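Here the complex is missing a single protein chain, while all its other protein chains stay put.
Going by the order they are written in, the chains are A and B; count residues from 1 in each one.
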Amino acid sequence: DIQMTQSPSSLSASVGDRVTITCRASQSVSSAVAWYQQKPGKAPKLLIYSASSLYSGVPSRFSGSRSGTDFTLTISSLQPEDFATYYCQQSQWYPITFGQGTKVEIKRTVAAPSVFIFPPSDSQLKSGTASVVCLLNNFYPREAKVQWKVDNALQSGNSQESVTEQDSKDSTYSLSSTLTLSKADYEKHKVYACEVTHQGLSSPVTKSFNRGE
Amino acid sequence: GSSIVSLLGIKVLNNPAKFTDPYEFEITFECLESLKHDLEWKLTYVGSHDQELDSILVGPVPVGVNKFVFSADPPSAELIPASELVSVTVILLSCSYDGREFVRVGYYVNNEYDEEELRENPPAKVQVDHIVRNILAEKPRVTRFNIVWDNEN
Partner (left out) sequence: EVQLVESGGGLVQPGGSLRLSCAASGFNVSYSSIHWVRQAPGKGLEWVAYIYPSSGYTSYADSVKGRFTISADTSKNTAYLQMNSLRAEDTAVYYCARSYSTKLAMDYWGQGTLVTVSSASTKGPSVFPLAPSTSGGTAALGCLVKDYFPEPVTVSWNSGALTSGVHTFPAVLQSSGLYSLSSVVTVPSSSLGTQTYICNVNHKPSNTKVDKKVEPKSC
């Protein structure tokens, strides 16, 4: 019964920064902790093993330490090829366990999202289903919040989100939320709304339509 | 007093192995109640209770049944008479509560060369890079010791 609780989950840094990633173990671990770096579409690579032993080959800017049950990965002076996801791992207790991961992402100024809501098309309604879409365009940071309101009722468990990888040129994110109703449930209500919350936004922004004008 | 922590099994994981390979044991134990102090598992090379090989601390002790892996460094061929590199030796795996040993598990170890031909024709300078150890995990010697845990009498 063992956890590797890894913090934070996302981490904003510019080149040159000293970055610190922390993993706390739910019970005592003498030294079998390891850190891994994974890049999208690639196999993870070992960085440090046995809590603090630099794996052979790894740049000496990666180091590992331990304080009590807190294990830490330090990257003094973060280089550009170091933007990646980092996983901690425990292998003293059964079962071997990876932390949830930490994404290290490029820092940029706050950009508010442009927001759009798209009603379902007639063509889809005929088939029996209504997809309502809320688009959040070119924003930073990734941390945003989308609430669907159907006739001012908060919706739950009937929508999925999706996010793009950080943009290569402008370092922003885009996010698409889809609410899915049966056509038969879609016609029982008038006002469709997504409410958006984000650091670049003084007030929460809401986008609406009334079905069939 | 009454025995709070009890050893349940030991798996010798990487076996047989090279002489210079670390030791890797999966250790199962059961801890019946919260304890105040650390457990220390240690591995001792005996040969002959000569040399401590490694040691792992656990504190606070998790309650219940638990499995962990103990990775212990190998003996150095330099701190060992060449007489003992290709003979039968003994490792000792033991656990202590608050510095008080309460269990000890002994294994015989066969150390022999890699290939048949080299087995039959030992060179006068021992080639450690070719010695394969084989812990006789099937036949352990288990010894317990009644100790005082957290309740002073």
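Simple rule for what comes next: contacts are C-beta pairs under 8 Å (C-beta built on N, C-alpha and C of every residue); 3 or more make two chains touch, one makes a residue touch a chain.
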item: Options A:100, A:147, A:155 or A:171, residue touching the unrepresented chain; value: A:100
item: Contact partner of the left-out chain, one of A:3, A:7, A:147 or A:176; value: A:176
item: Missing-partner contacts on chain B, residue numbers; value: 11-18, 21-22, 24, 26, 69, 71, 137
item: In chain A, positions touching the absent partner; value: 31-32, 34, 36, 38, 43-46, 49-50, 55, 87, 89, 91-92, 94-101, 114-116, 118-121, 123-124, 127, 131, 133, 135, 137-138, 160, 162-164, 174, 176, 178, 180, 207
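The working rule: only the chains that are shown with their structure count from here on.
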item: Euclidean distance of C-alpha centroids - chain A vs chain B, Å; value: 45
item: Touch list for chain B against partner chain A, complex; value: 26, 56-60, 62, 64, 66-69, 71
item: Residues of chain A defined as touching chain B within the complex; value: 1, 27-28, 30, 32, 91-94
